[PDB]
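What follows is a single chain, given as structure tokens, in the form deposited in one PDB entry.
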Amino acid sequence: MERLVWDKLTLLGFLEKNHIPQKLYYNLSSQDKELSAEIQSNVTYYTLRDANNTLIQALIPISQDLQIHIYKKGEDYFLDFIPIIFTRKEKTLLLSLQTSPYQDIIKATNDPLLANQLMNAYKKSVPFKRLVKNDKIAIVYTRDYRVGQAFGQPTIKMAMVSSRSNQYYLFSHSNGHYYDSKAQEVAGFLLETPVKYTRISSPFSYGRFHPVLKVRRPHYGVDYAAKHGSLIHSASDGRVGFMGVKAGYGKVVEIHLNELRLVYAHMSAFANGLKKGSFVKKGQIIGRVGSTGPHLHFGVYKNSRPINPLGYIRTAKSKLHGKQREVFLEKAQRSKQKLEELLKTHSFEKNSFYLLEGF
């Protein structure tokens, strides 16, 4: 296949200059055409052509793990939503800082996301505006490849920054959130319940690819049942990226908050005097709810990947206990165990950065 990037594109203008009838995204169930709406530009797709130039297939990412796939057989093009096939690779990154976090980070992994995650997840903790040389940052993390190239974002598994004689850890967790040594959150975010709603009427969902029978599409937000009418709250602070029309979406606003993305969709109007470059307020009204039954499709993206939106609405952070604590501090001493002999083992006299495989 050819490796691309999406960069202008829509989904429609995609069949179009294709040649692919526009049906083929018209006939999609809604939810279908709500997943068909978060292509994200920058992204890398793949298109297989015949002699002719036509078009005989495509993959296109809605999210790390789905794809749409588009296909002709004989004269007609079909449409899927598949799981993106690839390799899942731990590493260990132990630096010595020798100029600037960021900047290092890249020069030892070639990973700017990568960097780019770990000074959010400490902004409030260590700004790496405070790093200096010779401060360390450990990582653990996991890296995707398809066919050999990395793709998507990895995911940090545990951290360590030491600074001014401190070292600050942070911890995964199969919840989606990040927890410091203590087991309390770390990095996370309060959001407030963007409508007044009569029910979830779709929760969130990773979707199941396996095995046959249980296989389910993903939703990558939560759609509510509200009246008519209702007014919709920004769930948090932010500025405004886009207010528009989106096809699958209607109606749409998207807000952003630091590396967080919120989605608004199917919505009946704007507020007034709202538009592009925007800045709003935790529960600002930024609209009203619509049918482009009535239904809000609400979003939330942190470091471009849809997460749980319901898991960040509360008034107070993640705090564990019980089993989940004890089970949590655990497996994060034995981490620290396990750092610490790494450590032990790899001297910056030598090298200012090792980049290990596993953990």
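Numbering follows the first chain given and starts at 1. Note that the rigid core is defined as the largest set of C-alphas that superpose within 1.5 Å between two forms. What changes on going to the form deposited in another entry:
- A 2 Å or larger CA shift between the two forms, after fitting on the rigid core, occurs at just one of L190, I106, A247, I200, namely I106.
- With the core held fixed, the Cα of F128 is displaced between the two forms by 2 Å or more.
- Core-superposed comparison between the two forms: CA of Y46 displaced by less than 2 Å.
- Once the rigid core is overlaid between the two forms, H19 does not reach a Cα shift of 2 Å, moving by less than that.
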The other form holds:
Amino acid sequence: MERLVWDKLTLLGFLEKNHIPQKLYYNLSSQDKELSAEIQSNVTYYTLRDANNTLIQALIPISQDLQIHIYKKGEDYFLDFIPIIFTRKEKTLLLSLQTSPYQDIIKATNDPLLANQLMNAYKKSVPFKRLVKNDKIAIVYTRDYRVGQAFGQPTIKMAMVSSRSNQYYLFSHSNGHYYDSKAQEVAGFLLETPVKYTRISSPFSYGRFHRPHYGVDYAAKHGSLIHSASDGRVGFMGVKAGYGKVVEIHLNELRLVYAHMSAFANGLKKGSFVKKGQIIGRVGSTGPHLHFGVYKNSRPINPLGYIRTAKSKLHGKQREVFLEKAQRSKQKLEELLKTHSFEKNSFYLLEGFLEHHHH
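Next up, can you give the form deposited in another entry of this protein, since the form deposited in one PDB entry came first?
What comes next is one chain alone, with no partners or other molecules.
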């Protein structure tokens, strides 16, 4: 297949451009239409054409693990939402600061995405802002690959920065949030419910085997006020097929989506800075509901996990398992730092983490 980069088309625009009957979109359920609205610009997608240059297949990612599959069978086109098959690689970055955290990470990885994730993860960290030459930064992270090619964003499993001989750790969890070594949340966001809803008509779902919905649908009256769940900056504001009128707001590594609006607030525009609690529009059905979506580092995440008044902590068996892994991870990081000298090199980018050792 040809590997290409998505630019500005909608699904419908893509169908039109390639002479695929547009009913393939119009016939979708409203849930599938919402799903189809999340094709991001710059995603890598795949196409296959026949001798006539007719589009006979396409694979278009809508998340890190779901994609649209369009294919011609006999005389007709079909559209499925299917899993993405991928390979995951783990690396360990070990770094002695030479210039700035950001520049050094780029030097060692050539990856702005990872560098931005670290800055964001430590955004409120006082020791982080006070890092100086020869302070240490370690990151254990994974990246996902499709036929050899990385896609989406990396995932930080563990990070550590040292300042004045003290080490400041954070760890990911399968729930998508970061935790310190006492299993309490760090680098969180306190989001507020953005509308007065009558009920949640459809919660967030990965749709995973034991259905995918990448937001929360809040049933509300047409015209109900919609308030920003957070501070941030408006990125997009307008109409997207499947979402109707929508506002997107960015804050650190979050993108927050508010869809199906009947109207935007007067004077709101692309680039507007907004405050948590500020009115950004009104509920519509462009019956009525607000679709509220949250994306961390490009990946959809359950918004409800961040609507809380306090910082989260892990509990029960989740806490036990976490702390066990955290201890093992900390011990292993020390061993790796002992066995890779910053006299020889300012950084090391190592294959794997727990299994990494020499002979």
